[PDB]
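There are 2 protein chains.
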Amino acid sequence: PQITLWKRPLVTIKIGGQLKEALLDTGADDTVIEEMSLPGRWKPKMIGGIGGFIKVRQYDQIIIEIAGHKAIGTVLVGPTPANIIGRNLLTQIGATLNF
Amino acid sequence: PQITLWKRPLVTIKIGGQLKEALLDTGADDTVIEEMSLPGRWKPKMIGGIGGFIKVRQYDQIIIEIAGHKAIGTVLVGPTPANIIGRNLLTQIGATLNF
Ligand SMILES: COc1ccc(S(=O)(=O)N(C[C@H]2CCC(=O)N2)C[C@@H](O)[C@H](Cc2ccccc2)NC(=O)O[C@@H]2C[C@@H]3CCO[C@@H]3C2)cc1
Ligand SMILES: [Cl-]
Ligand SMILES: [Cl-]
Ligand SMILES: [Cl-]
Ligand SMILES: [Cl-]
Ligand SMILES: [Cl-]
Ligand SMILES: [Cl-]
Ligand SMILES: [Cl-]
Ligand SMILES: [Cl-]
Ligand code: NA
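Going line by line, the protein sequences match chains A and B.
Using the entry's author numbering, the first residue of the first sequence is number 1, and each one after it goes up by one.
Using the entry's author numbering, the first residue of the second sequence is number 1, and each one after it goes up by one.
Possibly wrong hints are sitting among the right ones.
Remember, identical chains collapse to one label, so a pair may be satisfied in a single copy or spanning two.
Here are the simulated DSS-like cross-link-like pairs (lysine-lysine), alpha carbons at most 27 angstroms apart as the crow flies [stated by the list, open to error]: (1) 7 with 43; (2) 70 with 7; (3) 45 with 7.
The set of hints was computed from the structure by calculation and includes no laboratory data.
Generate the whole structure from the sequences, applying the supplied hints.
Here's what the structure looks like:
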């Protein structure tokens, strides 16, 4: 699809067997999801943005379905105010910015 | 152009006669730039990012060149770790997200 940016670029994702809404976010290096459990091992990480840093759990090799496209990669889980699909997974579905 | 996301989508902007680098950020509603001087009056605004809320200065109707395209609109100035071009100006330059 092609998505204009008049509104937030929100899509449905499936992660951990759960359906969620998430922002397609070219300004995010990493994918960050609101608190939930994921299978497997994880390691702690700090990520920063406007407002400062938050502590997250880093899970590797997690599959997400992004608007019907499967991707695999690292997912950060923590007290983010929004679910964010970052560039590490956007590349996997071939997303580009065009102007 | 068409910009893939394997690297940060950084472009050159020109604002107040100064060249700067900024991130094209579909996850940002607003354009937020690092502290600098701008003409005119400003108004208060609070924005919420990943680490919490910050106060910024809202300057309206500021002329800003983005990757060679002219935009005129609202610019927020505050302690951001990076200059970010948000949807308010991405729509002016006609950007879309495609996959
Ligand atoms: C390490 O991987 C990550 C690191 C930081 C972030 S982030 O959420 O902090 N952010 C990073 C951006 C902003 C600073 C920078 O250099 N890149 C991604 C952003 O798209 C973020 C994503 C975001 C974070 C929190 C809430 C909503 C979206 N949006 C954002 O800060 O927008 C600001 C806050 C205001 C809310 C929406 O628009 C307004 C302007 C995401 C992944
Ligand atoms: Cl859960
Ligand atoms: Cl970070
Ligand atoms: Cl935290
Ligand atoms: Cl990854
Ligand atoms: Cl590619
Ligand atoms: Cl450029
Ligand atoms: Cl700069
Ligand atoms: Cl502040
Ligand atoms: Na894992």
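Evaluation of the provided hints:
1. 7 with 43: Between copies only: 24 angstroms across, 34 angstroms inside.
2. 70 with 7: This pair counts as both: shortest intra-copy Cα distance 24 angstroms, inter-copy 21 angstroms.
3. 45 with 7: Intra 31 angstroms, inter 20 angstroms, cutoff 27 angstroms: inter-copy only.
In this structure, none of the earlier numbered hints is contradicted; all agree with it.
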